[PDB]
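The chain below stands alone and is given as structure tokens, in the form deposited in one PDB entry.
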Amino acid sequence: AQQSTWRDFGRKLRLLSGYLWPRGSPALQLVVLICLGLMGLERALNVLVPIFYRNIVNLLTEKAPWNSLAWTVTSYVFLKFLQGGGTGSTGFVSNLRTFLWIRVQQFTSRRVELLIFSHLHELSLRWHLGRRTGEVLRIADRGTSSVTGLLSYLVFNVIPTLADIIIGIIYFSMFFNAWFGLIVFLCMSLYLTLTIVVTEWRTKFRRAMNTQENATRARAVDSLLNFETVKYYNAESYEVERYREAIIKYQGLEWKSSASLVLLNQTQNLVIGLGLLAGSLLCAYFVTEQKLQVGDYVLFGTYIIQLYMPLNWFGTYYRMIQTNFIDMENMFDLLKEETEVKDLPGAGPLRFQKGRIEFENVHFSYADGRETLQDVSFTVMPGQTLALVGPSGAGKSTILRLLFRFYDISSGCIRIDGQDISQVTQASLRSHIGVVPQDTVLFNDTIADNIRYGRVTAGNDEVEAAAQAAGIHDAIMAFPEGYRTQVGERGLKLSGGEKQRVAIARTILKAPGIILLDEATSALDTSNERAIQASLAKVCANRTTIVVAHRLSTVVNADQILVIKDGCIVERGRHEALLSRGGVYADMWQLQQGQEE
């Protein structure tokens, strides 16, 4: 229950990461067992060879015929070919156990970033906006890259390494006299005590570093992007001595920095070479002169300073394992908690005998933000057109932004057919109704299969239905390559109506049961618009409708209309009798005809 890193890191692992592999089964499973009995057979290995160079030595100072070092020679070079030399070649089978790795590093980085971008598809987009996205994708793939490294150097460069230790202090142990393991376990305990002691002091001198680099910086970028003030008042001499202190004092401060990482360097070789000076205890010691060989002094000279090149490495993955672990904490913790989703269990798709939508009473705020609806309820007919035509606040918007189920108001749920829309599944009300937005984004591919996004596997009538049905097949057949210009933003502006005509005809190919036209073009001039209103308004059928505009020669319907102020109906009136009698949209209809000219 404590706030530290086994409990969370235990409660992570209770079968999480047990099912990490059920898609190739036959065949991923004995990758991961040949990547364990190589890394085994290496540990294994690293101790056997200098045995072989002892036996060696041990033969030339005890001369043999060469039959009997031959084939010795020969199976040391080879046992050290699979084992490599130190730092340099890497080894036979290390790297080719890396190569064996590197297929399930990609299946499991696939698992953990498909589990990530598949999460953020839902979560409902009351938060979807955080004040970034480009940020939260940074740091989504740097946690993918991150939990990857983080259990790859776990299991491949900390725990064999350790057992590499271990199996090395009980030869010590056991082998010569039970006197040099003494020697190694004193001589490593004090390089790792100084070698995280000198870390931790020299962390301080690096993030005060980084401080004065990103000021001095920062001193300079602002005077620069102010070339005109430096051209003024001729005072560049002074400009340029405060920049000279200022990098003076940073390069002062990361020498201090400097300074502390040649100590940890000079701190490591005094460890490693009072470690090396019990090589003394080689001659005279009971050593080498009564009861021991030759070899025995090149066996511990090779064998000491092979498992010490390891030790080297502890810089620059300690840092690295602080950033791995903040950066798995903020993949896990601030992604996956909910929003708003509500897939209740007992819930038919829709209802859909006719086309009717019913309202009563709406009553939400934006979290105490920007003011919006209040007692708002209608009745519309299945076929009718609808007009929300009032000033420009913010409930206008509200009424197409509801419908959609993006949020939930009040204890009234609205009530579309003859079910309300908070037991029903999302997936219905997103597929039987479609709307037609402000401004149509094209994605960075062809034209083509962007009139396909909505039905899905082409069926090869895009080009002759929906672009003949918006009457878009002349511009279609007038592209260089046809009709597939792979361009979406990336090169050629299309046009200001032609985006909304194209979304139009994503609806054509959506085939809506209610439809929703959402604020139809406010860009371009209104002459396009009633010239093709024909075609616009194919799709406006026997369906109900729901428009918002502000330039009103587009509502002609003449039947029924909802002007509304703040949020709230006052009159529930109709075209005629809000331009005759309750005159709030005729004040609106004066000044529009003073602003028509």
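Take the two forms, superpose them, and find the largest set of C-alpha atoms that agree within 1.5 Å; that set is the rigid core. Numbering follows the first chain given and starts at 1. What changes on going to the form deposited in another entry:
- Looking at CA displacements between these two forms with the core superposed, a shift of 2 Å or more is confined, among 151, 114, 458, 102, to 458.
- Core-superposed comparison between these two forms: CA of residue 560 displaced by 2 Å or more.
- Once you line up the core between these two forms, the Cα of residue 417 stays within less than 2 Å of where it was.
- Once you line up the core between these two forms, the Cα of residue 496 ends up 2 Å or more from where it was.
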Contents of the next structure:
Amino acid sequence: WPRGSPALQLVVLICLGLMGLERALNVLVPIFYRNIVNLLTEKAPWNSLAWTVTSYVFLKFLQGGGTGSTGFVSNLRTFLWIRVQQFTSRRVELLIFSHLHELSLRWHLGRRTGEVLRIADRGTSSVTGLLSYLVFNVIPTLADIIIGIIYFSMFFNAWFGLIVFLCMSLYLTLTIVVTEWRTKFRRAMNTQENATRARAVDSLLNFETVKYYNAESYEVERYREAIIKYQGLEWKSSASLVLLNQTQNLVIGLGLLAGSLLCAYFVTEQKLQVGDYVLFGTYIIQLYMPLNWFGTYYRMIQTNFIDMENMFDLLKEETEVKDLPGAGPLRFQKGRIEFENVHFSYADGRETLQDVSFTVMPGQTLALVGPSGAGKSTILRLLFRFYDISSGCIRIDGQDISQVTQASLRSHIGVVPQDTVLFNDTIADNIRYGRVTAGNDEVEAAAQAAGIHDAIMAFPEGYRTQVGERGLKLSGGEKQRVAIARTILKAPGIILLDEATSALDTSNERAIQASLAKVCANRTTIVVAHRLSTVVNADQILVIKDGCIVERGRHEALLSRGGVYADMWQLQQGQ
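For comparison with the form deposited in one PDB entry, provide the form deposited in another entry.
Just the single chain follows, nothing else.
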């Protein structure tokens, strides 16, 4: 009974009560069947016979069969049951997805997505299967066991309660032990299956060397051997399944035989009448064709057990590198940035962070162009709250970044990337993606402010186009102009920027760095680059060898100094 919405409470309650009705008509259908046989044994009036027989046939319509042609009640149960499985499935999928995008960058670098999204989806499938399995299979079939014991031990002869109770115990125990034994065979068949498939696929994939040494004949022979070995073990596993099913049938056979003969004895001794015998025979088979399906669901709870703990592990792994639990906002006015004893160990990088101390001028442009290596992108990520400070003081406008909180940061800050990574979507969403809660007419206004109008008329249908892998393919300058529309919509306090090594054409280049100067106006920027035009518009440059600051000044100061920037400028002057 989830407390989400009152409609869902009523669907849950009506489906539970409807389950109760099905487990109630489980006993009525045999009881009616016995009454019909008694009406036919000694003669009955047709007028009452017809109504009782029709009443029975509609009750057997309500439950056509056990797990096959389940019947009106079970079918109506399953159709209304999905409308709470949608709720719980949707809720857990949203929660796990929010947690996946909660986790930090360092989690997301190496491990992929489809190897994790499968874990999420199969975990949701596992929990839905667990609740549906349990509530509709464990408690109902155990309830049927209690009703069989109770009803045959009260209203029919007590030793048939004995035969049924013993037969249920013999069946359930035998089923679970041979399911374990079959389980060890399942794993044994699976491990060889991996080997036969692996040898096959690599023997094919090495076609160059198979061709190189005439290896088709021996390759056929060894693949046939792997097939024969897999066959000779699959025979063993399927013989185990055969023995399991056959002894399930043999225990049902002994249980039915004991009851049928004992009932025959009591009916011939006339303590019971023929209807009671027909009831016993039809009630056992009804009681068991669910139950062989119970064993199947107990061997498909094994996969669920592995998925659920894995789902719980992913759900409970949160980096939580730094945050202020009091939700303390940011008080930002100009862009005063502080460097003092800023040291941090960096993983998987040639450069590291080694005691940098050079505050940037607020309102000005202090670029960082220098050596090969992604330490510039590293300090960009570090300033953009992606890695923990080990030792250092970072004070945007005079307050520590560890306690001013991330929502206030990303409201107060806006940073563009170097590779515009875009979806298979429209363009209107990707230009309003800077501020999704901003109106359309102003996002066309900011798009024309970026200059995106030219691609709009280049589109087959303009601002309502489809762009991506499932849409049209734009160019890099177009997409970076979408990105600058994103950031001017996002209204930054401080802009940080990077580019790749690609410039499309001079006509778009002059426009895009004109707009870069426009957005860097009234803003401090610490830009990183490898493009001469995006370096010369910035005045003062910081160059860092291996995490520590080494040169200083402006670009002509570096040229007269003769540093690595001067060598790069000579190399770009004459290639």
